[PDB]
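Could you build the full structure based on these sequences and the hints that come with them?
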Amino acid sequence: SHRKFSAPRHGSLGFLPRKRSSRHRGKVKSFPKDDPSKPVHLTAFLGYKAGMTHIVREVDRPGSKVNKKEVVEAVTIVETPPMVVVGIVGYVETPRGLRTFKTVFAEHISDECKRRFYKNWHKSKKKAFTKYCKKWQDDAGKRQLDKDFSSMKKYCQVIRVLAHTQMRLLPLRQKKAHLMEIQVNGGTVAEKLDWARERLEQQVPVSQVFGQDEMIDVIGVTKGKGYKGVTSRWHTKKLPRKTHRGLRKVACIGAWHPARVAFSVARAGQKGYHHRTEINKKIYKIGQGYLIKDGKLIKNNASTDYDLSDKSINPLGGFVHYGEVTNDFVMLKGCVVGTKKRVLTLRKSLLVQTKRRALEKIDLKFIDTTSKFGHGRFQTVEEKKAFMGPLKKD
Amino acid sequence: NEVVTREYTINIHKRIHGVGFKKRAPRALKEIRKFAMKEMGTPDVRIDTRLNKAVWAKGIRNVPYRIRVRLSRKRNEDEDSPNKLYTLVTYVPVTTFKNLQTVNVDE
Amino acid sequence: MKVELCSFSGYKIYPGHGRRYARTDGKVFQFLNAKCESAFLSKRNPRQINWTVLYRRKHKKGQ
Amino acid sequence: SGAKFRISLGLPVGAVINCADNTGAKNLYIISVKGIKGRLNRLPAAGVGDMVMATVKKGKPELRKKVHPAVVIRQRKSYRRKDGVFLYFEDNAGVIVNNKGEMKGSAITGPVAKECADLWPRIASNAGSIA
RNA sequence: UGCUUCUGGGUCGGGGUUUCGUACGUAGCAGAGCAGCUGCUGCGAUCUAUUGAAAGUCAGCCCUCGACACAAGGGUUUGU
RNA sequence: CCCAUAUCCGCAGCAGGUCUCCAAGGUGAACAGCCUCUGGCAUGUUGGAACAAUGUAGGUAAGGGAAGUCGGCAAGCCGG
Ligand SMILES: [Mg+2]
Ligand SMILES: [Mg+2]
Ligand SMILES: [Mg+2]
Ligand SMILES: [Mg+2]
Ligand SMILES: [Mg+2]
Ligand SMILES: [Mg+2]
Ligand SMILES: [Mg+2]
Ligand SMILES: [Mg+2]
Ligand SMILES: [Mg+2]
Ligand SMILES: [Mg+2]
Ligand SMILES: [Mg+2]
Ligand SMILES: [Mg+2]
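Protein chains in written order, with UniProt numbering: chain B, 2 to 395; chain P, 18 to 124; chain F, 1 to 63; chain Z, 10 to 140.
For the record, the hints were derived by calculation from the structure and aren't laboratory data. Cβ coordinates follow ideal geometry from the N, Cα and C atoms, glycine included. Careful: at least some of the hints might be erroneous.
[As the list claims (entries may be wrong)] Below, in silico cross-link-like pairs of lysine-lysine (DSS-like), each with a Cα-Cα straight-line distance of 30 Å or less:
hint: 1; chain 1: Z; residue 1: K91; chain 2: B; residue 2: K385
hint: 2; chain 1: B; residue 1: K20; chain 2: B; residue 2: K120
hint: 3; chain 1: B; residue 1: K69; chain 2: F; residue 2: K27
hint: 4; chain 1: F; residue 1: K58; chain 2: B; residue 2: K393
hint: 5; chain 1: Z; residue 1: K86; chain 2: B; residue 2: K334
hint: 6; chain 1: F; residue 1: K2; chain 2: B; residue 2: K385
hint: 7; chain 1: B; residue 1: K239; chain 2: Z; residue 2: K86
hint: 8; chain 1: Z; residue 1: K123; chain 2: F; residue 2: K2
hint: 9; chain 1: Z; residue 1: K91; chain 2: B; residue 2: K224
hint: 10; chain 1: B; residue 1: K394; chain 2: F; residue 2: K61
hint: 11; chain 1: B; residue 1: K5; chain 2: Z; residue 2: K43
hint: 12; chain 1: Z; residue 1: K13; chain 2: B; residue 2: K366
hint: 13; chain 1: F; residue 1: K2; chain 2: B; residue 2: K283
hint: 14; chain 1: F; residue 1: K2; chain 2: B; residue 2: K366
hint: 15; chain 1: P; residue 1: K115; chain 2: B; residue 2: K124
hint: 16; chain 1: F; residue 1: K27; chain 2: B; residue 2: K393
hint: 17; chain 1: B; residue 1: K177; chain 2: P; residue 2: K31
hint: 18; chain 1: B; residue 1: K300; chain 2: B; residue 2: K312
hint: 19; chain 1: Z; residue 1: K46; chain 2: B; residue 2: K250
hint: 20; chain 1: P; residue 1: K55; chain 2: B; residue 2: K176
hint: 21; chain 1: B; residue 1: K66; chain 2: Z; residue 2: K69
[What the hints assert, rightly or not] Chain B is nowhere near these chain Z residues, computed Cβ spacing over 12 Å in every case:
hint: 22; residue: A12
hint: 23; residue: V22
hint: 24; residue: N31
hint: 25; residue: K74
hint: 26; residue: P78
hint: 27; residue: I105
hint: 28; residue: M112
hint: 29; residue: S134
Put into structure tokens, the structure is as follows:
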């Protein structure tokens, strides 16, 4: 017969083939549509999930019950050292899709990016591009290059640029960089292309891509959780206590005469390590890396107009399981996908943000730099020493 | 150069963290025997019965957190086997593991 | 932003951390974590507990 | 103007909260919450500031054996505020009310959460404390 | 993911952090008292000082550039 | 000689069944439970590595307290 009482479906069919993601680095499945009006710019970047923390900002939204009242609000730090452009790549629009038409790489390439090619950097002779490099220093090659540029100008429609990360500037373990095609959006192809040509072998900080209070998307792989049963995977009901063949199951997996079992039934399998895009995350703050000047370094990133201290975002004891954020970083509102030390892809929004919640300007009053390695109760080591006083170890 | 001895210390508390109760002192011996296999590239390891008794000193569930040990590489005795050098592992009673470095003890 | 002070220990509570207990007769107390909150609900005396602030103050320790 | 934010509701249908006003009622058996659509096998659940339908289990007999409106003024479950605080009270308590909001009683014994004072004026008037 | 840019990770140590709550010893004319010897000396739970002490802390925490050794290697295949 | 988680009967070195004798210290009312000495054994027809689901046997859960279910089944409270 029919289902007695109505209940909505358990879990979405729009993320259906819940398998281990086929890629570790998040992939921009779609870039924002370009208008030849806007000046030449980039559309995506690449950062690493450091950790989360509080934020005390003044809320401005006329009509809401928290108008001009300080609210505590979680954020997430994504460390983002500048990316190094190491090549461009053009596409043609064909009636069968968008075929890649030609790639061109810069003369010099870091060993960081060259690690991305070899599955074993220890047994290798490190020969990648060793013969390609000899095209940038002779007329026989320089000519061909200029040809391969005037061709992409004549034919290519979309221009992407290849830009790897800088993996030595991070507190991680892996030295092998992450590559990615960031699509240049802007003017005509000729001006889009003689732009990246100037930026070959150059660095692109995040200020050149993202601003403040800018809603962006985050693309990355969910944190993996292994072979989980159906109660954890699909969050189905738990059978009552008197069930014989175990209770964390689905009792009925199909009617009789649809004599298969269907693709919309909740069944056990891999949970986590999926590829998700999460949209409308606001950039609260594009902080700045450490830097020496006059011998003394300036580390105060977490100091605001109201706090006026000398503390960096680095909590007491460093971010847990990640390390020390000593580079540029973005502060996204709320959680993001992935685990710590995971490479997230930050993409410009695909929509036209016209909303008071999207166009709100942000002014942080206080950033929370206590420790996350337990219930830490002190903002700075100085404040801790000046509170506890002198100990025995002195 | 080939017959050398030197004292180490082994943070069993971290080489054992996670294993179940009834298999702690055992995993601590398998981890001593593997530690000496790393610090001295010899597959033959020989754990002295004083170091054994000192690992099972408290019990099976409460293995000491650290342990001071004296790895001594020696020439294989009679019955020349595929191995040429074996590693004798020896206990070293210690009152505190504070500022205890790896010492290159000598004869 | 106003920083409170744990009613049991005496440490400084920052905007994000801790809780508030409101007894049936007013008398709101702020707590830093569930160690303070539990030593309060257990009706312990902050002056007989070495790590609190009322203890260091009573026994005049420090300075 | 300002709208009630959501709080960690912690009073399933069946909760016996004590009656914190002088109507002679001692208890309030919550029988359903106002404004809840529902879901398969999910008890309704009231929080601070939520009007509910209740029932006096012990108290003056002219109030027993009938359904009453009520407003939860104090809940024991820790609810968060937008200003980054987690508040909770020593007991669960609510007051009796008519469908338009006026208190059936006169006074309120104990505090009244600001999530209930921002929302019900005729309870904030008879309030003793706030938050 | 790492596996010789005199570097690289690994172990140990140190520092940061953090959890619990003030270690053993010793001192005390603090201690309900009790006993012996003519004030002294013993027994005595607890207390105070040394003592936010002691203990643990990456095995899936963070920094060392402190000692120690190590790492240029092995095996199987692949052709337009 | 065995007299029973291997010498008997259950097809077997089978968690079943099968008649008696003697009977230490502590705690405690106690031949109760728990640790120990005399005496005995090597985990009950195997080991190693992992620590997924679903199980089996134990646990603990904020707020509510039978709203669950045919039914307070199970668990829990109580306990000297
Ligand atoms: Mg229907
Ligand atoms: Mg059954
Ligand atoms: Mg933490
Ligand atoms: Mg139902
Ligand atoms: Mg067994
Ligand atoms: Mg047997
Ligand atoms: Mg066996
Ligand atoms: Mg419960
Ligand atoms: Mg509870
Ligand atoms: Mg019923
Ligand atoms: Mg029912
Ligand atoms: Mg029963």
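Hints, verified against the model:
no., hint, verdict
1, Z:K91 with B:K385, "holds, 28 Å"
2, B:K20 with B:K120, "holds, 24 Å"
3, B:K69 with F:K27, "holds, 27 Å"
4, F:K58 with B:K393, "holds, 20 Å"
5, Z:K86 with B:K334, "holds, 27 Å"
6, F:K2 with B:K385, "holds, 19 Å"
7, B:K239 with Z:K86, "holds, 25 Å"
8, Z:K123 with F:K2, "holds, 18 Å"
9, Z:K91 with B:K224, "holds, 28 Å"
10, B:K394 with F:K61, "holds, 17 Å"
11, B:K5 with Z:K43, "holds, 25 Å"
12, Z:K13 with B:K366, "holds, 25 Å"
13, F:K2 with B:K283, "holds, 26 Å"
14, F:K2 with B:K366, "holds, 12 Å"
15, P:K115 with B:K124, "violated, 41 Å"
16, F:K27 with B:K393, "violated, 38 Å"
17, B:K177 with P:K31, "holds, 29 Å"
18, B:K300 with B:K312, "holds, 7 Å"
19, Z:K46 with B:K250, "holds, 28 Å"
20, P:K55 with B:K176, "holds, 25 Å"
21, B:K66 with Z:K69, "violated, 39 Å"
22, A12, "violated, 6 Å"
23, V22, "holds, 17 Å"
24, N31, "holds, 31 Å"
25, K74, "holds, 30 Å"
26, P78, "holds, 24 Å"
27, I105, "holds, 26 Å"
28, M112, "holds, 23 Å"
29, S134, "holds, 20 Å"
Going through the hint list in order, the structure does not satisfy hints 15, 16, 21, 22.
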